[PDB]
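Chemist: Given next are the chains, with one letter for each unit.
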Amino acid sequence: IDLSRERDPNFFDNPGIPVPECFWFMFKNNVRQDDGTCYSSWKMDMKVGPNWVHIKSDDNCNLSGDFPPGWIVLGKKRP
Amino acid sequence: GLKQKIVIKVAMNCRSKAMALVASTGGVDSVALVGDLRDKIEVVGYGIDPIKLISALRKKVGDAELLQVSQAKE
Amino acid sequence: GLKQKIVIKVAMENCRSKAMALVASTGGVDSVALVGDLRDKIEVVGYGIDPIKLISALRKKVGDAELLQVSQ
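Chains as they are written, first to last, in PDB author numbering: chain CCC, 33 to 111; chain BBB, 186 to 197, 201 to 262; chain AAA, 186 to 198, 201 to 259.
Bear in mind the hints are in silico, worked out from the structure with no lab data behind them.
There may be inaccurate statements among the hints.
The calculated DSS-like cross-link candidates involving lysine-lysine, where the alpha carbons are at most 25 Å apart (straight line), are [what the hints assert, rightly or not]:
hint: 1; chain 1: CCC; residue 1: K79; chain 2: BBB; residue 2: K261
hint: 2; chain 1: CCC; residue 1: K79; chain 2: CCC; residue 2: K108
hint: 3; chain 1: AAA; residue 1: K247; chain 2: AAA; residue 2: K228
hint: 4; chain 1: BBB; residue 1: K188; chain 2: CCC; residue 2: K75
Next up, chain CCC with everything else stripped away, as it sits in the complex:
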C-alpha cells in the first residue's frame, strides 16, 4: 500500500465549514474499497467492513483505529 501513488479522492468542500486537511483510503487485503476527506487533529466514525470504527486523526493526518482483520484506512496531506 502506497499513498504517494493513490489518485486524489473525489471530494466536495462545503463553503460554510473549514476545508478538511486530510484525504483517506479504505482497503480490504490492500484492494482500495473507498476514500474521502477528513479534518486532522480530529476524529470520525467510519463503517469498516462489518464494524463501526472511531478513527483518530493527528495534525499530520495519521489515522489510528481498531480496524477489523484484513481492513485498514490510511490518511495524508491535501495539497
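For this one, chain CCC is given, so just place chains BBB and AAA on it according to the hints.
Modeler: Only chains BBB and AAA this time, still in chain CCC's reference frame:
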C-alpha cells in the same frame, strides 16, 4: 462542532432522485456526489437524523448504507 | 464538458428545501451548497449544467432567482 458530515452509499436517474431527497431534508447546508463512481452522497447540516435519512432513502431510491459520521470544526 | 460553478440568489419565502431539491435533481449536478450568512444563495457544481433552464425552473416553481456567478 454544531454541524454534522454524513456520508451515505446509495445503489444509484437514481442519482438525481437520491440527491433531491437528501437536498430536501431539514438542516441541510450541502449535498455532494463523491467517490470515484459517484455512488456516495456527503451531506453537511444541522439536526439531521442519519437513521431517518437512510430509511427515507431505502423506501424511496434503493439500497443505502451509512458509511461516515463526523463533526465539522472551527 | 468543463467543470462549472454557478451561484444563484433565490427569494425562498420552507422554499429552501423545494429550491435545493430542484437544483439537486437538475442534469449534470455534482453538488448544491446554501452559501451566504442568510443561506439565500445556492452554489451548484457539475458538468453540462444549463444555467438558463435552471433559472427558468427556479422562477417557474420557487420564485425570483438571479444569476450571481458562472465560472469554470
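Chemist: Take a quick look at whether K79/CCC and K108/CCC sit within 25 Å of each other, Cα to Cα.
Modeler: Answer holds: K79/CCC to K108/CCC is near 19 Å, not above 25 Å.
Chemist: Between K247/AAA and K228/AAA, is the straight-line Cα distance small enough, at 25 Å or below?
Modeler: holds, 17 Å
Chemist: If you draw a straight line from the CA of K79/CCC to the CA of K261/BBB, is it 25 Å or shorter?
Modeler: Satisfied, since the Cα-Cα distance of roughly 21 Å is no more than 25 Å.
Chemist: Between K188/BBB and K75/CCC, is the straight-line Cα distance small enough, at 25 Å or below?
Modeler: Roughly 14 Å between the alpha carbons, so the hint for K188/BBB and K75/CCC holds.
Comparing the model with each numbered hint stated earlier shows that all of them hold.
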